[PDB]
Amino acid sequence: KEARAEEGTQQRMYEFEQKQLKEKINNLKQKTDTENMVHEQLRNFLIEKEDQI
Amino acid sequence: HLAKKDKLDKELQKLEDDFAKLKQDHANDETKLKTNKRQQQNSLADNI
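These protein sequence lines map, in sequence, to chains J and K.
Per the deposited numbering, the first sequence starts with residue 214, numbered consecutively.
Per the deposited numbering, the second sequence starts with residue 291, numbered consecutively.
Hints listed in this document are in silico derivations from the structure and should not be mistaken for laboratory results.
Built from N, CA and C at the ideal position, the CB exists for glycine as well.
Any given hint could turn out to be false.
As the list claims (entries may be wrong) - To give an idea of the chain K side of the interface with chain J (calculated C-beta under 8 Å), a few residues:
#1 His291
#2 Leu298
#3 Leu312
#4 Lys313
#5 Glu320
#6 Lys324
Work out the full structure: start from the sequences and follow the hints.
Right, here's the structure in full:
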C-alpha cells in the first residue's frame, strides 16, 4: 500500500505540476499579443496627435 | 515528469526573443511618432 499510494501521489503531483507548467508558452504568446495591442493603441494615439498638430 | 518539464520548457526562448524584438520595434515606432508629432508642434509654434 505504501508503494502504490506513494507512486499514485507522486503521479498526482507530477500531473498537477505538468498542468501548471503547460501554460508558460501560452503566457509568453499572450504577453507578446498584449504588447502588440498596447503598441497598436499608442501608435494610433501618436499618429492621431501628430496629424492634429 | 522531468522529461515532460524539459520538453515543455523549450520553444520558450523563441517566444522571449520574438517578444523582445517586437517590443524594440514598438518602442522605435512610438519614439518616431512622438518625435514627428513634436516636430509638427514645433512648426506650429514657430508659425504662431
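How the hints compare with the structure:
The restraint placing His291/K at the interface with chain J holds, with a minimum CB-CB distance near 4 Å, inside the 8 Å limit. At about 5 Å, the closest approach between the beta carbon of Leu298/K and any beta carbon in chain J falls short of 8 Å, and the interface hint on this residue holds. Hint on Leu312/K holds. Least Cβ distance to chain J is approximately 6 Å, under the 8 Å limit. Hint on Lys313/K holds. Least Cβ distance to chain J is approximately 6 Å, under the 8 Å limit.
Here the hint on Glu320/K is kept, as its CB sits about 6 Å from the closest CB of chain J, short of 8 Å. Hint status for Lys324/K relative to chain J: holds, with the closest Cβ pair at about 6 Å, below 8 Å.
In terms of the numbered hints stated before, the structure departs from none.
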